[PDB]
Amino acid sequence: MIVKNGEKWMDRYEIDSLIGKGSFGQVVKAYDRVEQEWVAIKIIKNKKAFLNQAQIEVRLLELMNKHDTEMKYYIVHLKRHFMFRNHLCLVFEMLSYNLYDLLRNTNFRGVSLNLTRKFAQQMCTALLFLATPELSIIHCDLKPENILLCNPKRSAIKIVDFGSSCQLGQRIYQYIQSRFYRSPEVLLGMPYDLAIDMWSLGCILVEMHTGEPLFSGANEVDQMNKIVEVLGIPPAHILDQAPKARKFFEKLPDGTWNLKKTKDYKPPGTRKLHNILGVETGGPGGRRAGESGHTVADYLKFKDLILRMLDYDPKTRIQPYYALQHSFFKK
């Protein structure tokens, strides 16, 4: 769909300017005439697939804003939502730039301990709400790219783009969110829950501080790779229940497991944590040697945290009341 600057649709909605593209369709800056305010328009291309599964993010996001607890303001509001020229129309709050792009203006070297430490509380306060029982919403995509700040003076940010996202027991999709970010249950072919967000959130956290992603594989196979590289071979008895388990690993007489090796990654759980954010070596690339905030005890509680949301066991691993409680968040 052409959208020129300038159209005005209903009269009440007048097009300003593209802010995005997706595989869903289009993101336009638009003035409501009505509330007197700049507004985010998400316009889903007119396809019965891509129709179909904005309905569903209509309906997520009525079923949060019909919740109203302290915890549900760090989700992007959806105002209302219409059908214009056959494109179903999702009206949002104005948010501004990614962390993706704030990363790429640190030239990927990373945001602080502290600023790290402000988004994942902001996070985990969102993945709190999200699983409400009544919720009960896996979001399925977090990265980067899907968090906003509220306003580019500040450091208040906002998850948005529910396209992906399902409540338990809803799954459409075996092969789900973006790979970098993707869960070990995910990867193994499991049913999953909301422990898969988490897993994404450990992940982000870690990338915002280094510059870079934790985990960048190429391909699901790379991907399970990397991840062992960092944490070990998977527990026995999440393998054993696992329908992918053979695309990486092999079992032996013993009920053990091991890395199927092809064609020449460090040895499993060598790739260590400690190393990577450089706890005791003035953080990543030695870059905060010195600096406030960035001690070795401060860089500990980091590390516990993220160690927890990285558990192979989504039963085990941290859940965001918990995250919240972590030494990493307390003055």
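The term rigid core refers to the most C-alpha atoms you can superpose between the two forms while keeping them within 1.5 Å. Positions refer to the first chain, counted from 1. Compared with the form deposited in another entry:
- With the rigid core aligned between the two forms, the listed residues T270, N65, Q55, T69 include just one Cα displaced by at least 2 Å, namely that of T69.
- Once the rigid core is used as the reference frame, the Cα position of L168 differs between the two forms by less than 2 Å.
- Fitting the two forms on the rigid core leaves the C-alpha of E134 displaced by under 2 angstroms between the two forms.
- Once the rigid core is used as the reference frame, the Cα position of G255 differs between the two forms by 2 Å or more.
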The other form holds:
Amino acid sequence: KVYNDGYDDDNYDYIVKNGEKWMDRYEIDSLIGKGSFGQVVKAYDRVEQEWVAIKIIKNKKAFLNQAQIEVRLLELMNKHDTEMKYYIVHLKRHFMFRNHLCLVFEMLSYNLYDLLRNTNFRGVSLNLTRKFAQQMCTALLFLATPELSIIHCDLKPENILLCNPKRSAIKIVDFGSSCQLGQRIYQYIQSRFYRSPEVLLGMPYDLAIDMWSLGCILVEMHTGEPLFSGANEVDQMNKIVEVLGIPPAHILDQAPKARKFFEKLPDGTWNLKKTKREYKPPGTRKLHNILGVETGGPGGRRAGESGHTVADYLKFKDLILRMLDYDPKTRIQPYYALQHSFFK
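For comparison with the form deposited in one PDB entry, provide the form deposited in another entry.
Here you get just the chain by itself.
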């Protein structure tokens, strides 16, 4: 019958019903949320006797194909992360159910965007930020293992989950957009706020694009707001240039999409194309002041508060700037990010 025998909605999602029992094994409790891939559902595994989160993929070839890549990437991670000490959500198994691929995960709590909303977008503390930063650098270290070389390609606050509302532990979720070094190279990957300059410029990219995203995420987690909130690629590039200046000439010379944001003057120098919206001149929106290094943190909301010293902010800003290096050949890599003084 049409609509998968009446089991699916107009968006190829399985219509979730509380209390349903799948495979005479999973007792579905309730829907947790939806994403572009489909839905995540809270369930009780009768066999293992534990709560699980089941990701129900949309009943559509394009989404099924992405989930098949995710399964392959998580299974290859499990072969190297059997202790699970590396901070990636753990896939327990998968199965097909009513023409939906279902991935069974350990149950986690809500995501880092939800954590910001509980904060009313005032940000979490610098100490909590440091703890988040340390775990994500360790995760990026694990993904950089040569036999893995996995690029997540969609790091953002909604793709990082707390294990538990009362603890600082986090895990990275959702590898449906992910890939390994040496596969297809795409335009328009990564969520726009977190999209690296390499990808905007249509250049080849590697694991460093996740570090760029990480840098943007960490500032957001403390300020409460995206660092670079582009409405489109040109706005996105221009907002990056406000904080970090014009990209180096050697990179723009190599960039296939450079002329979409920049032009060369007769003397050979690269300048922003003018499109209305007017931007701060390049490099004048100093991150020193977005973080309010000498002025009580973002918006002054940390004035008079311990664990927020000027030296802490100077170390934080230094680490962030290394993560937002324009050149992916020198952008700080996970191993050395973990030796930065912000963590000592």
